[PDB]
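Just the one chain here, the form solved without its partner chain, laid out as structure tokens.
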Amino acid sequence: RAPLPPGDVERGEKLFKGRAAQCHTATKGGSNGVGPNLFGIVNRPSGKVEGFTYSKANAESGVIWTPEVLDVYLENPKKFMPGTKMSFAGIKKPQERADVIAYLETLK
């Protein structure tokens, strides 16, 4: 597996608005919806967003969302975590994936 290329936060923001925002808010204290609020998610344990009802798979995943883990997971969520109720096919293109992860890193 080759490394992701370098990301861009602005390209990543646009991709977040277009793809993650269908189910995810990004602001601190932003609301839960289809999916949990994602503020502060990078390098944090999975399944901890207050008020969100996770599947047992995500609730007990135990994974820590490092950029490297987000790389593999966001490429194909269901393959990485069978049982996830995150119904997203993934970000297949490495550059787009890198950009989204760079943006997530800015979510303080």
Contents of the next structure:
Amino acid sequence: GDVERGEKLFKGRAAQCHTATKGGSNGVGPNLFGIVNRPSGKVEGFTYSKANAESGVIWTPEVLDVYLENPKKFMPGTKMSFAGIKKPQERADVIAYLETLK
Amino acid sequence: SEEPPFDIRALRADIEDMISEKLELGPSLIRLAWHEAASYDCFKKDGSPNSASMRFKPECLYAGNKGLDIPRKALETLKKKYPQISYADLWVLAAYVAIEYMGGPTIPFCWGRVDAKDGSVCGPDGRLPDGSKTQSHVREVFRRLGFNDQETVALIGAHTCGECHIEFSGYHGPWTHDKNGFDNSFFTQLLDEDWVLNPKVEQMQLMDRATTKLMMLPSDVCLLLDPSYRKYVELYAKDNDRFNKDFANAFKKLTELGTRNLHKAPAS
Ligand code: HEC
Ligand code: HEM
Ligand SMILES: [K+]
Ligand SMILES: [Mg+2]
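The form solved in complex with its partner chain is what I need now, so please give it after the form solved without its partner chain.
All chains and molecules follow, beginning with the one already shown.
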């Protein structure tokens, strides 16, 4: 994806719930710095749902693509209240921006 | 299906492109199409809904339509690129594209709305709903439009996206934490949060006590207070697929009020 479009999409779709800076604060959602290729439910200080805590998924770019299209379908019981990114180009752009967060 | 006199495929892509450059335009386009239809009165048979009559005075200056010049000027550029589409059809299609673009349902688009020639066909003021009022006023307005309670609650669910502006309504902020996303989160927010008085806004509005970043109008919280509306709030908070289908049907009925012999447009 395009990192520039990915950052702007993240500002417009993720900023009310997630921070992207190194050591950024936990809010509605956890800090997502370094999340690409991490196991799910392990950001320090965040209290996850029962579904996300006990989940076995690893946030690789291909898994993030399915999740971001429909979070509640991919992980039933999740507390992430996100409508999803229906177009592949926008998902790819958002995923490319998450890959730059070390 | 029937092919319109405008290139609908290229038009649908140009609306998505315009929305990608400024995501806050999505909800604004939905509000524009809703207020162009909300002038209707099914008992008096007037108001000129779905005719783009809001382009003229006096309807453009009504208090309820403050701020709607932004989505109107954004779409004037597309009217120049596609002159065969009427302004009335363009506003409805732009709302349907924004709903689908933000993750909502795909509403089948019917074309053929005729534009208003001037402001002499406009309805009076006082037709648009007031955010400071509750269920008696909300039911009166939606009964005047020809909607039942199920459809009323599904339609107010569009507050899942967008925000209030002090300069347009005197209220402030978004209803959900995904203001540029379209799903049933208005209803889960309405039930799951503790809505407390916001002492920082002069016009009375509630805020979520968890973060204080969200808001609800008196007209939003009246859906919990009324026994009939509360049951539909509960239904949609529990089933997003049902919300998407019921919103699609009601929004299509809204944008086809006062229309005649429209044509089914092709998909995608
Ligand atoms: C609030 C309405 C959110 C928005 C908008 C976005 N996300 Fe989110 N996200 C949110 C929560 C509450 C949680 C925790 C969910 C749980 O069930 O416990 C998450 C989680 C994620 C994760 C997983 C993190 C992990 O396992 O440590 C990812 C990868 C994620 N969110 C991504 C993401 C993106 C890319 C978003 C915009 C495109 C986005 N989220 C928006 C809440 C919210
Ligand atoms: C009870 C009836 C309703 C009332 C009282 C009401 C009230 C309001 C108010 C006060 C605003 C803020 C406007 C501003 O400051 O910018 C608003 C915004 C909005 N409303 Fe409604 N509304 C009602 C029904 C609806 C319906 C039925 C829809 C759609 C189908 C809708 C869609 C929207 C959208 C999309 C916005 C946000 C626009 C933006 O972000 O720019 N509303 N509404
Ligand atoms: K939303
Ligand atoms: Mg009108």
